[PDB]
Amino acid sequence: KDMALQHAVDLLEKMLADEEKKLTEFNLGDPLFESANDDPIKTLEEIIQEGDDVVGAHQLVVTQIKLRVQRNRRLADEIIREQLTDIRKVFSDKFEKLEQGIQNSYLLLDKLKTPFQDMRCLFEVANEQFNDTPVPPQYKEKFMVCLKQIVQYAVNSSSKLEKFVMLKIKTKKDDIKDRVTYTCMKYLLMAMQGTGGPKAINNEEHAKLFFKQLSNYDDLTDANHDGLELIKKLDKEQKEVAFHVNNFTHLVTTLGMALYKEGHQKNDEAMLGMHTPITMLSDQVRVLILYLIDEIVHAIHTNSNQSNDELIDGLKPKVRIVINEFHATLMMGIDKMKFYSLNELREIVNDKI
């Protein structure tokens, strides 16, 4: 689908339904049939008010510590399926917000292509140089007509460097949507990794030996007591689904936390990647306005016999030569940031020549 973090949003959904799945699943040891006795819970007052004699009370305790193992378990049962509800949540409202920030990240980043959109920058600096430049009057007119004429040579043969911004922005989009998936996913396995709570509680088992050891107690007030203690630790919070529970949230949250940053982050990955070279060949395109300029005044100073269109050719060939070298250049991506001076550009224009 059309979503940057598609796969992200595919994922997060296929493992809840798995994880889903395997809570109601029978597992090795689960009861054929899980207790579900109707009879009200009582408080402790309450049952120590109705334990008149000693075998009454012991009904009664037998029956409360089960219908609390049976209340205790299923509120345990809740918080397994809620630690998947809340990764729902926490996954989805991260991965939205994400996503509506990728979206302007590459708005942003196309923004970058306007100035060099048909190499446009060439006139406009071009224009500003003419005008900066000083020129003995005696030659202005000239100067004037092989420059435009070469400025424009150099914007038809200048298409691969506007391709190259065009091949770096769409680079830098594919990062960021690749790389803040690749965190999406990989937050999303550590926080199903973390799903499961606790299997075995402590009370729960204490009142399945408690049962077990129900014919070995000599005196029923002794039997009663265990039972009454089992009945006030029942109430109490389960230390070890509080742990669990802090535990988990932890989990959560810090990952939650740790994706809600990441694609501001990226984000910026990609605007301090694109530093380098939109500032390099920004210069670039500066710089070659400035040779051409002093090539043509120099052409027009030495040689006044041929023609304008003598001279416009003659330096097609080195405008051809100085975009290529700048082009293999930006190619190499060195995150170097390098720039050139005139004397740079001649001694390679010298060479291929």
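Positions refer to the first chain, counted from 1. Heads up, when I say rigid core I mean the largest set of C-alphas that superpose within 1.5 Å between the two forms. What changes on going to the form deposited in another entry:
- Core-based superposition between the two forms leaves all of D283, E96, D118, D175 but one with CA shifts under 2 Å; the exception is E96.
- After superposition on the rigid core, the Cα atom of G51 is displaced by 2 Å or more between the two forms.
- Core-superposed comparison between the two forms: the Cα of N131 travels less than 2 Å.
- Shown in the overlay between the two forms, fitted on the rigid core, is a CA shift at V61 of 2 Å or greater.
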Second form
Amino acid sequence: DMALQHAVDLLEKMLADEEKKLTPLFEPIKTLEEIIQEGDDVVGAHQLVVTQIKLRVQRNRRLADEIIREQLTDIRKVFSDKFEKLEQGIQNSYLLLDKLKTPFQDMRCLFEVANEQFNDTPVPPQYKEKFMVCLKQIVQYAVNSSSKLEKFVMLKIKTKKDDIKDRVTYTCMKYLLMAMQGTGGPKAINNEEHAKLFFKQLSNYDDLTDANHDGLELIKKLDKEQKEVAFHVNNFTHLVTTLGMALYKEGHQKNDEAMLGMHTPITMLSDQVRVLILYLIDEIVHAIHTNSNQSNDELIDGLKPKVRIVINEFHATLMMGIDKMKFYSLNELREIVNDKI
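Having displayed the form deposited in one PDB entry, please output the structure of the form deposited in another entry.
Excluded here are partners and other molecules; the one chain stands alone.
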């Protein structure tokens, strides 16, 4: 199914986890100046402001909720899009990697390399036919002897497919977390604590006129807190979209990061293929002249061990997977085959 599914799940879970963390039987907020005028008498003014305070803390709490809810949804949309986009890149890299393996599928690139190399190898026309016959069969052998290599390539391909799924899910989850800790806000609220503190010592005033002065001041800050809301949500709508842009960029290139990681094995092997051909043609041409005695079938059966040694050496070289490209010269291959027979 979906490659990044683990991330889409965690996204839906963590949004679920936050959404429930969020929270009229009988018979109204008043502006500050509406509070003062109805407040003719100190006791009336006082009863008025104690409820207005207690009311505004309730509004301020529910409004805190209404911004988290809009944050939780903004996050779903931003993180889903980048999730969906990162998904296509992965799916696409899957195809690109597979497209990369086909030359070495049944090692058929050998026939093509052999083909192109034959035409440009000069051999005197009298001997050209023996040459063709021996080359076909020895290349054909090399094909059949080359599964150790082919499977190497397919696995280095499967590994890179997976290395992408893992690494992108990881960066997916990471930017999710980042976005998630930044949701909602702090636990201890200033005003709610000023309010709590007001009410804790409301009986220690002596002059109710003083309490009324404080309660009004607390009300003004409960109002300043509330219109300061539009500031707080867009400061976040921003933060989430940059985390979104940052999610994509890291993910979209952890992706291309495995594809650029594929270059040296493929190109190093495909050169090793070419050099093998150049070796065989050389050893075949050499054999036609250093020995007029042998039948061609004897030649072919004779190279078979030499072919196995190089292939087995190519496979050995790749398992080291030296981060630096190693290239073979015709003669390096020629001295490496002479020693291990």
